Amino acid sequence: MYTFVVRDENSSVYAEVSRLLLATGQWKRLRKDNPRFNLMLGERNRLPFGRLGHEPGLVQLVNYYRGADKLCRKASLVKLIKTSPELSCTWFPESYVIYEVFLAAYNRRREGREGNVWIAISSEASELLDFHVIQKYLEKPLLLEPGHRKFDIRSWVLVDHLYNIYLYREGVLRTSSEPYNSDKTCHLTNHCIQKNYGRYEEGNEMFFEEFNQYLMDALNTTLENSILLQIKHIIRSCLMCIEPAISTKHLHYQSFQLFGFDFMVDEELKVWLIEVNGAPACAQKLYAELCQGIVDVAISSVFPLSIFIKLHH
Amino acid sequence: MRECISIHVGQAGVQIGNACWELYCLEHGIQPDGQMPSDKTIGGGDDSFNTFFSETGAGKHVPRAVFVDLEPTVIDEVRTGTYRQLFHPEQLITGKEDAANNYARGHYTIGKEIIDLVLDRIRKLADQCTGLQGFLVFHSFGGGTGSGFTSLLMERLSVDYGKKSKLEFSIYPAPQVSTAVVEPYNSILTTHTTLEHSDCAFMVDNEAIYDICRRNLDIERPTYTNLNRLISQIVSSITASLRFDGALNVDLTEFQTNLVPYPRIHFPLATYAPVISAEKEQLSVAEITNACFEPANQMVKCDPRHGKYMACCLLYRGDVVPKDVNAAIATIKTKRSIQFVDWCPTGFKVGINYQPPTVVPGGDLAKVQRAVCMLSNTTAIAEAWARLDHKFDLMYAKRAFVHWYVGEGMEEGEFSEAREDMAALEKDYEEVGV
Amino acid sequence: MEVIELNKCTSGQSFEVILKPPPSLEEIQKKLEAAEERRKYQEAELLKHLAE
Amino acid sequence: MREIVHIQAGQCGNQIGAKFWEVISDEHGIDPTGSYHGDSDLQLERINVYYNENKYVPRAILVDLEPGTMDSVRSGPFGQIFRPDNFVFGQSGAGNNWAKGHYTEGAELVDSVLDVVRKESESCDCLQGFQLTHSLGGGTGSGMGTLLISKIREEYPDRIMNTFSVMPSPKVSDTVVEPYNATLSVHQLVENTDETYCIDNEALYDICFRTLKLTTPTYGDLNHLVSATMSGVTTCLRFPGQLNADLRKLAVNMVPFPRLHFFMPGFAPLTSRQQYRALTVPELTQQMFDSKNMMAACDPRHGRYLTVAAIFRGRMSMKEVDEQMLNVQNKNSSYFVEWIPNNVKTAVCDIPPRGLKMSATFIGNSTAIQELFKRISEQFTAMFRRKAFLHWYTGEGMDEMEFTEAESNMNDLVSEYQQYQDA
Ligand SMILES: COc1cc([C@@H]2c3cc4c(cc3[C@@H](Nc3ccc5ncccc5c3)[C@H]3COC(=O)[C@H]23)OCO4)cc(OC)c1OC
Ligand SMILES: Nc1nc2c(ncn2[C@@H]2O[C@H](COP(=O)(O)OP(=O)(O)OP(=O)(O)O)[C@@H](O)[C@H]2O)c(=O)[nH]1
Ligand SMILES: Nc1ncnc2c1ncn2[C@@H]1O[C@H](COP(=O)(O)OP(=O)(O)CP(=O)(O)O)[C@@H](O)[C@H]1O
Ligand SMILES: Nc1nc2c(ncn2[C@@H]2O[C@H](COP(=O)(O)OP(=O)(O)O)[C@@H](O)[C@H]2O)c(=O)[nH]1
Ligand SMILES: [Ca+2]
Ligand SMILES: [Mg+2]
Ligand SMILES: [Mg+2]
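Residue numbers (this note's numbering), protein chains in the order written: chain A, 1 to 313; chain B, 1 to 434; chain C, 1 to 52; chain D, 1 to 423.
None of these hints come from the bench; they were simulated from the model.
Careful, some of the hints might be misleading.
Here are the simulated BS3-like pairs of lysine-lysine, each with C-alpha atoms no more than 27 Å apart in a straight line [said to hold, decoys possible]: (1) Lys184(A) / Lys136(A); (2) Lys30(C) / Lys96(B); (3) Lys96(B) / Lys374(D); (4) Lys249(A) / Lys308(B); (5) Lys335(B) / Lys20(C); (6) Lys151(D) / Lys119(D); (7) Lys79(A) / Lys96(B); (8) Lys112(B) / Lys20(C); (9) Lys70(A) / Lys427(B); (10) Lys270(A) / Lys140(A).
The shape of chain A in the complex, shown without the other chains:
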């Protein structure tokens, strides 16, 4: 009988993961502050990594990689991509962190007057700085038809204690419902910001079977060939880059973590990385399948009793 504690009540994903672990009759939930646990479903903030791995005769596992914030905070991601030799980066939009070089490149865009919109969405600088990271706005997105709509792709990625990198085979398109105007409901694709909402797909959510059917029909290409080779590339670049800093290979406690990568596809079928989410939620239709897989490959692999693409073994 394994033992676990729960320290994030707002986590929908690990509310389901705990509800599944109990449902095998081989896992036992303890009070918040019992140290004698096998698994910690820890808090988003100030998780006490320093107290993990010091209980005699207890293999201890936690669902957060200490140091993974360097990927999941927007200022940190820009700094990490810019200064890492292994990232240098054709898939990350031009970005500047501001609390000057921005201005420099901005003028080089004033020169030829090429598309000079940025986000923090404005067209001229001094209106942005008067209002963080300044990031080149992608003026030519890929637009879905019918509807001339914007979207973004959320990929769910699980890193286990062996630092194997698993991409969930179900993604989600989080689509705009008002057509794209070359106002922000058509520019920001957030699932909350939309609720025109609900017209084309239930909940402004297109799943992979239909996006692939769409791309086949409209563009004579596949989800795999046009987009997914690039997504698997970005996930691997990002996580292999920080692997030395955060890995728990020869550590006194082990880590796993679920990530949500957010991508944007432009109209040349190129994929760009928007941001990396460290405590993501799931699409309601996929909660069941994804949460069971977390238990299968992240938790049971350490405590024995595929819906995943292996990016790394």
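Given chain A, work out where chains B, C and D with the ligands should sit, using these hints.
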């Protein structure tokens, strides 16, 4: 030549002191009777090994050591042990009843009764020193004597020998090995009282030593003798520069100069490699140097990747030359997360002693051709203070066991003063570290 | 990169490598004696209770 | 500190006291004549704790208001091992009356006991303190025993007082006033002992009936259990080890608050006065934590362990011991308070008790012990709300106020245990 006096306090200090002086003797060729054939200057000398041993006209080499315990059974083993002839009776000091794992009983009740005797016996060793540089103090954080009498002695040494340096080797408590329930209380009480009076302190976490003994020596249930022989190897690595010809860390003041820029933050992390089972493949300079950055070889379990460095010394022993060190360092620096504070140079001070580590015949450790001890002052060690501070907090919130300390003359206010000091200590690390 | 302060001897060598530049005896006695007095006080209350 | 001074008082005190010296004399290789005939040096290393010395004399003082039980000891097997001057008896007895033991008959005799106590404490290189065996339901062990504890404390305020105290139960009862004698005594014990092993005659009976399958147990059957326990919980004081425990270190580690110092002992394997199969370390560990092995009739699953000390005796895997002990804390981590980290400790001793190859002893400071005091409080109140049998006490000079005070103090004791069971 400047002399160093060693003080072993309580069970952990005395038994670890026993392991070290056995090792020192083997390393210097001193026999259990105190005779040193190689020493051609009979009855005296100012060689480097005379930092730790004095000489008698009969050619006996005598440790500049004081063993003090508030109870007799442990020091009595020294008096009748294989090294009995080495020590003077006046160097071994025992009370009658110990401190019952109670800092207050050790510091107040019983320390008041024996402190003058201990100080006198130390004076007899100081009076034989033409230039005494200071003390090495060996003790546990958790024992009643090791915590309470140590901090009283520390206070008194600062008074009686103000211009003299004081280094600690402190056994940090781990439930895997023993532990009185109140060891968090004692740990914090003694740190708060000793912080002002210690120049450099090497913490050894019993959990780190236990695990290295199981994992690297395949000892199923390690004993104190297993633990201490490994600990004394690391202690020898650290003290070797005082006992041998060299240029790095040749007097106690240099430990502070090289490892402690900020006086309160004076706990360097020690990492040792290689540890190889004697009953069980010669590692390279690059391999043993890279092992200095694996958390499984540290004397305190923590993650240096999540802190900042303030100073870093590599102490080699055996077949090592500078060329191989610098190559290994070039390799490691482009593969590991080593970040120094912005106000300190990113560099290693390296020391090499050509004599390969010595092992105790029939011990668990194997003779190796080269070995390294890294001493780094990383803020990551604060993890160990936080763990300890948290256990203190749990018990103190219900005032559990507090009555045994108040019962000895202590005031409940000493607890919260002590804790507030460690709260400040944890913050000093937070500032320097992020 | 830079290697500085190379000291060789027969016993070994040392050097620096750089990879990138940047209470009195009275106050104690008081404490000790105050504690002893609080012990004395607590024993006095005890024997006073036992005499009752 | 080395020496312990042992006092046995009253009928039950001298009977469990005599069995204890019988058991540990065998363990340390001391014959009924006081001569050492053992083979292991581990037998002699700490013999000074309980024996004066080439014959070894138990540092024991025998006390009764009645010559009977003590006479049985002098005529038994080991009766020739005790120092003859350490027999201190009266003639009138205490009539199962706490007031007689404490105030009238016992007062007459207590100074002669303190004389022998002084004589032994003066031969001590470093006295640890005292262990008293007695029952709480009679009059000598209950009333005179607690009177002694008070007078010893006055003359040795800085030594440790520990007792093995047999609690009365209606399932094994001699007279109806036992709840009165027990309540009066627990009041004293709360104030004047550092650590009391609660041996509950109810639990000893149930173990003899329900487990050892004895349809009608005698006091001998109960006292076989007690002597086995007393040997267990003193193992770490008498044998060389890695911990090398003593009465004060025991009190410091086990007693978080001065009043809450009443311990439930436990033993495995539970035996009758044979199974030839030695147990496995998983079996010792499961059994010693089972309520069915508890010597106080309290369910630990009804409270929380504040602190626990365990000792394993015999040749076995220390790695397996460690594995099993940490396992039991996982399967019960709700029953160990979270505000005392690492509150379970494990010792190993090589020499097993007589007849076993392996054994485990358990010392628990559990808040479930309130059930035993609630039990006694109930029995007390059932008679006291009608002043029943009170005349036996007022006839010795006692006022009803003293009864009111003692009851309130045990009720306080119960509620104080309840406070930390919810903390
Ligand atoms: C009389 O018998 C016994 C007594 C005791 C207690 C005891 C009780 C407790 C507890 C811890 C300890 C423990 N702590 C330690 C351990 C190891 C040390 N190592 C070095 C220095 C100090 C140390 C201190 C004992 C030290 O001495 C005692 O008397 C202590 O937590 C919950 O309650 C324990 C026994 O079993 C482990 C035992 O045997 C059955
Ligand atoms: N590594 C190591 N730890 C030890 C040794 N001896 C005791 N300890 C540890 O030290 C702590 C207890 O301190 P002790 O040295 O036994 O205490 P003490 O100073 O003798 O104090 P008292 O016995 O109370 O007078 C525990 O955490 C033990 O794990 C030893 O020889 N080696
Ligand atoms: N460079 C860019 N070009 C065009 N649109 C961009 C953009 N950067 C962001 N966006 C848009 O802004 C929206 C805001 O979400 P964004 O991913 O930037 O932060 P966020 O944290 O609110 C999403 P989540 O919480 O799901 O990770 C995105 O959905 C995307 O449509
Ligand atoms: N376990 C045990 N209990 C006993 C024994 N003798 C008496 N008792 C119990 O002790 C109480 C009676 O006290 P007793 O010792 O006979 O009185 P005393 O001689 O005046 O101190 C009752 O609760 C009995 O159940 C014994 O040998 N073993
Ligand atoms: Ca010489
Ligand atoms: Mg000791
Ligand atoms: Mg009777």
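Checked hints:
no., hint, verdict
1, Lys184(A) / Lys136(A), "holds (16 Å)"
2, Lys30(C) / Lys96(B), "holds (25 Å)"
3, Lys96(B) / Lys374(D), "violated (42 Å)"
4, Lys249(A) / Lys308(B), "holds (21 Å)"
5, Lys335(B) / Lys20(C), "holds (16 Å)"
6, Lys151(D) / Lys119(D), "holds (15 Å)"
7, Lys79(A) / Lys96(B), "violated (64 Å)"
8, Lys112(B) / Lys20(C), "violated (51 Å)"
9, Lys70(A) / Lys427(B), "holds (23 Å)"
10, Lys270(A) / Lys140(A), "holds (11 Å)"
The structure does not agree with the numbered hints 3, 7 and 8 stated previously, though it agrees with the rest.
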